[PDB]
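**Q** Chain by chain, the residues run as shown.
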Amino acid sequence: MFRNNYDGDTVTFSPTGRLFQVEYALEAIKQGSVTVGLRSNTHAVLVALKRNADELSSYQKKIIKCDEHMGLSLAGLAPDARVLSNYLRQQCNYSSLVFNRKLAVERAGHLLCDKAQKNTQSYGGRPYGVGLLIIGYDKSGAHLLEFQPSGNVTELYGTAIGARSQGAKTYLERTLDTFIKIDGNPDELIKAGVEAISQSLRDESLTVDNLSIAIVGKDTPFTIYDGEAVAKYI
Amino acid sequence: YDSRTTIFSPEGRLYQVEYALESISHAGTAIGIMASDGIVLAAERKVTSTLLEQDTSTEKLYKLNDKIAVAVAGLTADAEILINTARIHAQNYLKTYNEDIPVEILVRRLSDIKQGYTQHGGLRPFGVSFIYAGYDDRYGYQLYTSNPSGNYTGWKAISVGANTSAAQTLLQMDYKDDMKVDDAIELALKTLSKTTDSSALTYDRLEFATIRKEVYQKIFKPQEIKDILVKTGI
Amino acid sequence: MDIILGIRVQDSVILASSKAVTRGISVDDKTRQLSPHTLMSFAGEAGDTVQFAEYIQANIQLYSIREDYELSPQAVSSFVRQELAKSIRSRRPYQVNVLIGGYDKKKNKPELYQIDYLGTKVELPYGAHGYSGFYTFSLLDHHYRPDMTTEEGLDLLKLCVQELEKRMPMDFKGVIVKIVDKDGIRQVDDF
Amino acid sequence: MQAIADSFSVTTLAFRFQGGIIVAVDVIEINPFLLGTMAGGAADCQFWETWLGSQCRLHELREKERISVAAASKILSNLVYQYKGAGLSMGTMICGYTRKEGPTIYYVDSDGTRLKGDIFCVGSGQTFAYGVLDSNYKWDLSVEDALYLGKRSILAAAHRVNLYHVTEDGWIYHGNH
Amino acid sequence: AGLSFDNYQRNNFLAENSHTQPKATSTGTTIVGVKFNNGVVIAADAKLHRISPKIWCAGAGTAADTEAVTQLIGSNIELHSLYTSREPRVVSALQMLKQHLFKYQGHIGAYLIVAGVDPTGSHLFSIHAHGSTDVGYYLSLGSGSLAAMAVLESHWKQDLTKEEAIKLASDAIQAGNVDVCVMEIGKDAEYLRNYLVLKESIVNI
Amino acid sequence: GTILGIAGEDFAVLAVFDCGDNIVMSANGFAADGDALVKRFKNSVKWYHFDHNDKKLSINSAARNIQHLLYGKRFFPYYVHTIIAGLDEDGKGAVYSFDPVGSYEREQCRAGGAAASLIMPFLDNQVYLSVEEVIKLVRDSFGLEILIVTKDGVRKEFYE
Amino acid sequence: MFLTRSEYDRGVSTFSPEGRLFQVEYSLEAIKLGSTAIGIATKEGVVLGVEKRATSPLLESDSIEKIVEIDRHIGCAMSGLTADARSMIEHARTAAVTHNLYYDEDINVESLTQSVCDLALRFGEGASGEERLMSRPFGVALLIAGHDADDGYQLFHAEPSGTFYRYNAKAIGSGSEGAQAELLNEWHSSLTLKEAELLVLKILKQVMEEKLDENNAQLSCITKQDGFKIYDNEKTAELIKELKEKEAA
Amino acid sequence: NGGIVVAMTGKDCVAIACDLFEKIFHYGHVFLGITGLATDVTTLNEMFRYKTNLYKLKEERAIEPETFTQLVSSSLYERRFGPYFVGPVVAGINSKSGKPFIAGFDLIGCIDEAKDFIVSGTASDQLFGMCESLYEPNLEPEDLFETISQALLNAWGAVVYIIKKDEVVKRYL
Amino acid sequence: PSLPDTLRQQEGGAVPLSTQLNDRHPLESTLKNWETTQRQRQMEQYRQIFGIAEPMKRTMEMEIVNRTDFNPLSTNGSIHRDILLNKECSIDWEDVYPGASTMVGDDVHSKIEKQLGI
Amino acid sequence: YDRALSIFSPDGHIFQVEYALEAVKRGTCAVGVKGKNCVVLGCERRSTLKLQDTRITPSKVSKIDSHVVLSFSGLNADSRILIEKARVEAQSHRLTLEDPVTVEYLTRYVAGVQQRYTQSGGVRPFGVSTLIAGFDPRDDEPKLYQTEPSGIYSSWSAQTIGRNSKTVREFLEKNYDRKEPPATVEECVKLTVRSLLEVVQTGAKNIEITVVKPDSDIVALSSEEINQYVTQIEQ
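Protein chains in written order, with the UniProt record's numbering: chain D, 1 to 234; chain H, 6 to 218, 224 to 244; chain L, 1 to 27, 32 to 195; chain C, 1 to 10, 77 to 92, 109 to 242, 250 to 266; chain Y, 2 to 46, 61 to 191, 201 to 220, 241 to 249; chain B, 29 to 43, 62 to 173, 193 to 207, 220 to 237; chain U, 1 to 249; chain S, 8 to 27, 40 to 174, 183 to 200; chain G, 27 to 125, 130 to 148; chain R, 4 to 238.
Hints were generated in silico from the structure; no laboratory data involved. You may find that some hints are simply not true.
[Stated by the list, open to error] Listed below are the simulated EDC-like cross-link pairs for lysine to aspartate or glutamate, each with C-alpha atoms no more than 20 angstroms apart in a straight line:
#1 C:182 / R:143
#2 B:101 / U:110
#3 B:102 / U:105
#4 C:182 / R:107
#5 L:19 / C:200
#6 R:66 / L:71
#7 D:102 / D:68
#8 Y:24 / Y:7
#9 B:228 / B:38
Produce the entire structure from the sequences given, and follow the hints as far as they go.
**A** Written as structure tokens, this is what we have:
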């Protein structure tokens with residue numbers, strides 16, 4: 001009721017101090033498909049459930065690589081996912097070329113966060129409606145950043161975002177004491193992620209096509225598995 | 006659908022421009038008659054009082070150029086700027102082509118200026134309408150009217166402003182093609198006397214000008235208007 | 001060589017210009037029809053002059069279409085002068101000379117104007133540019149008379165070109181001739 | 001707002083005849115129908131080849147129609163005129179055949195001066211080719227007669250080769266003889 | 002807008018093509034300004064340009080350039096005085112002239128002496144082309160500057176009265201007609217000029 | 029300095063930067079201009095992969111791109127001779143060369159620099194070739222770095 | 001708990017509860033008003049046809065712009081507000097020719113579709129960080145068909161949402177419901193181009209408003225040799241006659 | 008081009024003459052003579068016709084000679100870096116006061132507030148000296164015409188405007 | 027096309043050609059944008075002295091004034107723009123001489143298209 | 004969903020452009036008919052008040068170039084400006100390119116101008132639908148196009164716009180044999196006059212006819228009374 005009078009734009013607080021137009025953007029993630037990321041000191045893994053428009057269509061690209069050392073997975077709005085992914089890839093290229101330096105994941109997270117924030121104050125623009133998981137390995141060690149459209153970037157051992165993400169997140173909370181200790185086995189880490197995502201499925205169980213996995217770590221540059229390559233993990 | 010000039014109403018008509026057309030209907034009646042040997046402009050001065058300078062106070066008739074003049078009905082403030090631009094354009098044409106601007110080209114330019122104001126949201130429509138009168142070698146004496154809507158038409162004899170309908174009917178009843186200027190003067194005075202809301206139409210209530218005979227045009231000082239009014243028996 | 005000649009006579013304006021000279025060519033140029041009763045002959049720097057002439061043609065055709073009425077040769081000449089001055093404001097002057105011949109058809113008189121490279125226009129009974137100037141003037145100053153008919157003007161132009169072809173050490177290429185009358189623009193056959 | 005703050009935060079021969087146009091070179111394929119021939123440095127020609135081809139392709143796609151030789155020639159003329167005095171080394175011949183204008187040849191000078199013509203020659207040996215062609219060339223000679231005339235003139239210029254032939258269907262074969 | 006540059010190329014082409022460009026006028030040889038006990042006196046060999068009723072200026076170099084820039088900045092100072100509702104002071108004129116002549120980088124060939132009296136006191140300055148400036152009790156500009164400056168230095172003394180100031184200024188100009205303006209604190213500025241038929245036709249109006 | 033390039037049956041040798067996609071190029075002349083061109087070309091290659099789903103380049107596409115890079119300054123050109131070594135779409139070894147104005151040509155072998163006038167005939171007076198004898202031929206022609226490109230990838234080595 | 005008007009429908013900048021961005025949702029509703037367009041890819045080619053949807057018999061149906069060429073190897077049909085389709089097609093053609101100029105290779109269909117979608121994405125921030133160019137999303141959805149030496153025959157549906165899907169067979173515009181439902185039943189990997197044409201004609205006949213005729217429907221196909229080529233009225237009439245003979249009885 | 012223009016004043020009358040394409044123009048009772056490039060004199064004629072027409076329309080009054088002098092000076096200072104190749108000369112009589120007025124300019128706009136006579140253009144010094152030897156103050160209009168015509172003849184074809192306050196006589200020599 | 031529109035821009039037409047424009051009075055390149063350069067330098071000075079906020083406010087005010095002041099019939103300059111620049115009581119030649131196409135490119139709609147970037 | 008151009012209606016319509024089209028229908032009728040080798044443009048001119056200056060006004064069908072003609076319907080003020088932009092484009096094309104404007108190119112440019120003014124909410128779209136007809140240069144195939152405030156354009160054998168479009172278009176649909184269009188110029192003019200008389204209550208004085216012919220030939224008829232007599236007597 002009264003919310004209807006104050007959620008017209010992201011430039012107006014409600015009498016309770018809430019900023020509804022960005023809470024809606026954060027709720028936009030729930031429309032997207034579930035994606036899962038988990039971390040170990042030697043490798044970091046992403047698992048994403050791809051959605052297809054119809055049985056005659058090819059699946060969406062849930063996972064994007066920005067550099068040989070870092071990649072990301074995203075859920076939410078496609079028009080905003082495109083913008084943020086392109087911006088992060090451009091900044092990785094800028095860091096690698098102009099500074100001869102690999103973009104540190106910690107720096108990249110805040111550099112993307114600063115772009116995300118500006119949209120939540122100026123009129124005309126709207127908050128990005130996409131939450132994406134930056135994943136990479138750098139000099140400081142493995143990394144996994146859950147970026148939210150409110151401009152919040154947080155270091156997580158593992159997380160899940162998208163529709164029905166609560167089951168995967170609860171499984172990750174229940175097995176954090178375990179999946180961190182894998183520390184060297186990529187196959188077992190990807191397997192653990194695969195159980196984690198499997199908790200989030202109501203229908204359309206995992207298949208060689210709808211499932212997609214990525215991994216990066218000490219020895220492995222960011223590599224994406226799909227098709228027959230992921231048949232062993234299902 | 007009338008708060009901004011850029012909305013077509015469901016009926017498909019611009020309320021903000023029809024309101025402007027209504028505005029000029031409140032201004033003092035301007036009238037122009039075309040004769041075989043010249044044109045005559047008359048206008049009933051709107052704002053008047055014993056203290057106002059009746060001489061050197063040309064409120065209705067303006068000189069755009071030698072062999073061209075305009076009687077303006079509506080907001081004189083807009084009339085001043087439009088007439089300034091008209092003078093500048095006429096002198097630009099003279100400077101470029103070394104020939105006095107044909108009146109139709111001037112009328113077309115001013116009508117396009119007035120229309121452009123009806124089309125951009127940041128500009129309200131001009132609240133004036135002109136009775137152009139001038140002489141040029143292409144068609145000799147000719148007389149045009151132009152509305153806030155930016156359209157114009159050529160008229161043998163037309164009245165603009167307050168109580169336009171009665172004056173137009175009288176002109177239609179009395180006009181003849183083969184008149185002389187010395188008769189168009191009497192016709193214009195008679196029509197204004199029959200159209201005025203005042204009881205007498207004194208010499209100070211009236212403003213007058215004529216283009217005749224290479225072509226002289228005289229904007230009448232109050233003395234000759236006073237003489238002429240009694241000359242025709244008003 | 002680039003030479004343009006113009007003679008204003010009782011009923012016509014005879015504009016003539018030498019054919020374009022270029023390696024291995026066969027086929032007019034140095035002339036642009038601005039309207040049914042006025043045409044603009046030009047000479048001078050290659051590229052720049054033709055680019056200016058086409059722009060002037062475009063403007064005059066735009067005016068003709070806009071009003072459905074023909075711009076007078078006096079007005080056309082004034083506009084060409086004004087545009088040439090505008091063009092030369094920003095850049096180095098480029099060698100160009102223009103002869104705007106036309107029949108006004110409102111005063112019913114033939115008028116001819118020459119515009120130099122600096123944008124100065126002079127109404128003329130006759131004119132020339134380039135190597136034609138010195139020799140032709142020596143003849144036109146004696147033979148020209150405004151009462152001569154168009155045929156007499158053509159005879160005088162033929163004499164002028166006959167004189168130039170002797171003065172020019174090169175085997176001269178001849179000149180095209182165009183006439184503008186009350187009946188419109190025309191091109192001659194024997195030149 | 002914040003955007004404001006962020007800014008402050010920190077020899078060739080060509081002639082036209084009844085059977086089309088013969089192009090003899092000691109050649110540029112703008113289109114299956116448009117046949118250019120560019121003299122000058124290897125850099126300018128190889129770049130403005132692609133640029134003019136792109137322009138003509140855009141025109142063809144937008145208009146769904148054949149681009150006239152006059153239109154392409156004036157496009158190139160305007161382009162090189164904007165660079166007049168900048169140091170372009172061009173001498174260019176744009177030849178093509180289209181029903182709207184038949185066979186036509188346009189030559190573009192380095193300064194942008196565009197000329198129509200029935201015959202054109204360029205190179206060191208242009209004079210001999212022109213002097214042998216002008217003695218026998220005429221509009222109503224046959225396609226085989228045209229090719230023989232091109233052979234004689236160009237082989238004479240070489241003595242003192251690819252022979253393109255462009256028609257309504259476009260340039261038909263390289264004509265390497 | 003402003004000074005155009007619309008025919009620089011054409012004028013250069015005319016100059017190389019032997020079309021002699023008409024020469025711009027110059028404002029004479031010498032200028033001298035002398036500060037004295039109760040005000041300042043400015044003299045010139061051309062005119063003494065007025066910036067403000069009690070702020071006057073003498074211009075060396077091109078006559079048009081000085082008559083334009085001094086006139087423009089007098090217009091600026093009149094607007095400023097009206098704006099602040101108080102008398103304008105010579106330091107403002109100096110600053111405005113400095114910035115203006117620096118903006119055009121000396122292409123405006125104006126060499127100026129600015130003298131006046133104001134609520135702060137009497138002032139005397141010199142402005143060269145391209146903005147350089149200096150201050151002093153006595154000054155001289157122009158071709159004949161050296162002899163006039165020598166006369167000033169050999170005769171100038173502290174507390175000399177108006178008559179001596181006028182005498183010294185006129186003598187220095189002579190050593191370089202003569203017009204001098206003398207301004208006193210609290211009194212009107214005193215301008216002292218030159219102190220030392242085949243056929244007939246009728247046309248309409 | 030001087031640079032030399034050789035094109036073989038299934039390999040190429042350039043006597062330098064590796065830009066990926068089996069593309070190795072070098073520029074000789076004003077060192078600053080050459081280094082700037084190298085950086086810009088690498089940036090262009092990465093942007094190519096970025097916009098075009100990481101599709102591998104071809105020596106011809108890279109050559110055209112570098113032609114556009116060079117010709118973008120036709121009227122104030124970089125004063126550097128540039129050459130490329132790699133494999134073409136047909137699997138043949140391929141070498142392309144460039145000049146300040148942006149020329150465009152393919153060559154089986156070319157040398158660019160002051161010593162080209164001597165190196166070019168020194169090879170020609172005694173020069193199919195397998196991978197090792199192209200190296201020995203370069204050694205006879207000639220510290221100095223050699224980058225050899227083959228279907229299996231790019232290998233970098235250093236010699237005299 | 002009182003019924004009140006809801007403002008989230010207006011403006012592309014407004015999220016509603018649950019994060020549904022409607023102005024782009026309503027943009028895809030304008031697609032349904034457009035004429036039906038069908039596309040069917042196969043191992044030996046891709047064929048796409050369109051309902052011409054002539055407003056009146058006086059309109060010259062032979063001069064309607066439903067299918068357009070972008071390059072010798074790429075073509076695309078369109079539906080919806082053709083005013084925006086012209087701008088999208090102009091951008092696509094410019095991008096294709098620019099790529100051919102800069103890289104001396106045919107533009108990959110995926111790259112061209114990405115460029116067109118990036119243009120469609122401009123009602124907000126662009127893919128390359130470009131400032132917004134238009135106040136509203138395109139009311140046009142066009143499917144792009146082409147061939148590349150690596151990907152082969154492929155078909156993409158480019159939406160005004162800034163997203164595309166590689167479709168084996170896709171129908172857009174009016175009657176997308178039944179057309180797509182029948183495509184799911186009909187399409188198979190062994191669908192040769194000869195029967196792909198007849199299948200497209202069958203779909204259009206099943207879903208068109210009036211009797212299928214060569215002057216109210218047209219076809220186009222992509223091939224390595226032929227390239228993008230619209231079928232002549234005689235050719236489409238022959239195909240329609242073959243359909244009538246074969247699918248009847 | 009470059010014909011010499013000479014202006015001269017008597018009692019309640021001024022006379023302006025030029026060598027002889041007309042080089043003397045009038046914008047009411049104020050006469051402007053322009054010696055220099057043909058293109059620049061034509062351009063100045065057009066420009067000042069434009070400016071004075073606008074002035075008359077806005078003021079309902081013809082521009083007085085001194086106001087016109089200031090106008091031409093300020094219009095010539097524009098293009099300070101591109102100056103016209105012209106030495107103009109203005110002559111006229113104030114409608115209200117009747118005082119004769121003549122002034123000359125440099126190409127940039129410096130005004131020579133002459134009291135007796137003005138010359139400009141090629142051979143400036145010769146005709147200047149001839150006028151100095153020939154001129155006398157407060158001449159009658161016909162004597163003024165004779166003096167100015169004699170000055171021109173000593174330096183054919185020429186046009187001289189003999190200007191009263193209310194009527195102007197234009198004569199060809 | 028990529029080529030410039032030689033007609034709608036007027037100014038002599040195709041002549042002058044672009045390459046020929048590269049020969050100017052030395053003071054041309056400076057005064058052509060003097061006001062913008064001086065304001066940029068002043069804004070940088072404020073950014074250094076008064077922090078990022080002061081330039082932000084100063085430029086936001088000017089942008090709001092410029093965006094909402096559209097008057098195609100005149101170029102006299104908005105009254106408030108003078109106050110914001112502290113030009114309310116000063117003159118310069120750019121104000122005294124503000125500085130003509132008759133048939134193309136002069137009408138109001140060209141200015142509307144320019145303003146709205148439409 | 005009709006207060007701005009930028010808002011889609013829930014059913015996919017942009018109601019503002021539809022209101023602009025409704026504004027088009029407010030203008031007087033204008034009809035065009037393609038002959039086999041000629042094109043006829045007809046216009047219903049308003050019954051002039053007895054004091055209008057007939058000698059100079061009005062003429063509704065205006066030529067954009069030597070070979071192209073642009074009739075219209077809707078706001079006259081907007082039309083006078085769209086026509087001027089079309090003329091400027093025609094001359095600019097004749098300048099930059101050698102060939103005159105293709106009729107299709109000119110109508111596409113006009114449609115772009117109309118579309119461009121629809122792209123932002125700050126401008127009223129041109130409430131006029133032009134009816135461009137003519138022949139391609141050095142060609143003999145008649146061409147006719149219509150443009151709309153939405154920016155849409157289409158080619159028509161015979162089309163009508165403006166007031167009472169339905170009555171005229173219905174008449175044309177049942178009387179124009181597209182399989183064999185009228186051949187003789189006067190036959191096409193008779194068909195056009197018949198189409199207008201179905202809506203124009205007044206005699207020929209209210210009908211304006213202009214015939215465009217190949218090779219840049221245009222003539223505005225002033226003798227339709229003869230054609231009107233034949234149609235009326237036959238009726």
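**Q** Would you mind confirming whether the straight-line C-alpha gap from residue 102 of chain B to residue 105 of chain U stays at or under 20 angstroms?
**A** Holds - the C-alpha atoms of residue 105 of chain U and residue 102 of chain B are around 12 angstroms apart, at most 20 angstroms.
**Q** Please work out if residue 19 of chain L and residue 200 of chain C have their alpha carbons no farther apart than 20 angstroms.
**A** Given pair residue 19 of chain L, residue 200 of chain C holds - Cα atoms ~15 angstroms apart, limit 20 angstroms.
**Q** For the pair supplied as a hint, residue 24 of chain Y and residue 7 of chain Y, confirm whether the alpha-carbon distance does not exceed 20 angstroms.
**A** Holds: residue 24 of chain Y and residue 7 of chain Y sit about 19 angstroms apart, inside 20 angstroms.
**Q** Holds or violated: are the alpha carbons of residue 102 of chain D and residue 68 of chain D at most 20 angstroms from each other?
**A** At roughly 9 angstroms apart (the allowed maximum being 20 angstroms), residue 68 of chain D and residue 102 of chain D satisfy the hint.
**Q** Can the restraint linking residue 66 of chain R and residue 71 of chain L be considered satisfied, given a maximum Cα separation of 20 angstroms?
**A** holds, 11 angstroms
**Q** Verify the proposed pairing of residue 101 of chain B with residue 110 of chain U, using a straight-line Cα cut of 20 angstroms.
**A** Holds, at roughly 11 angstroms.
**Q** Verify the proposed pairing of residue 182 of chain C with residue 107 of chain R, using a straight-line Cα cut of 20 angstroms.
**A** holds, 16 angstroms
**Q** For the pair supplied as a hint, residue 182 of chain C and residue 143 of chain R, is the alpha-carbon distance within the 20 angstroms limit?
**A** Judged against 20 angstroms, a Cα distance of about 11 angstroms means the pair holds.
**Q** Hey, residue 228 of chain B versus residue 38 of chain B, does the alpha-carbon distance stay inside 20 angstroms?
**A** holds, 7 angstroms
In this structure, every one of the numbered hints holds.
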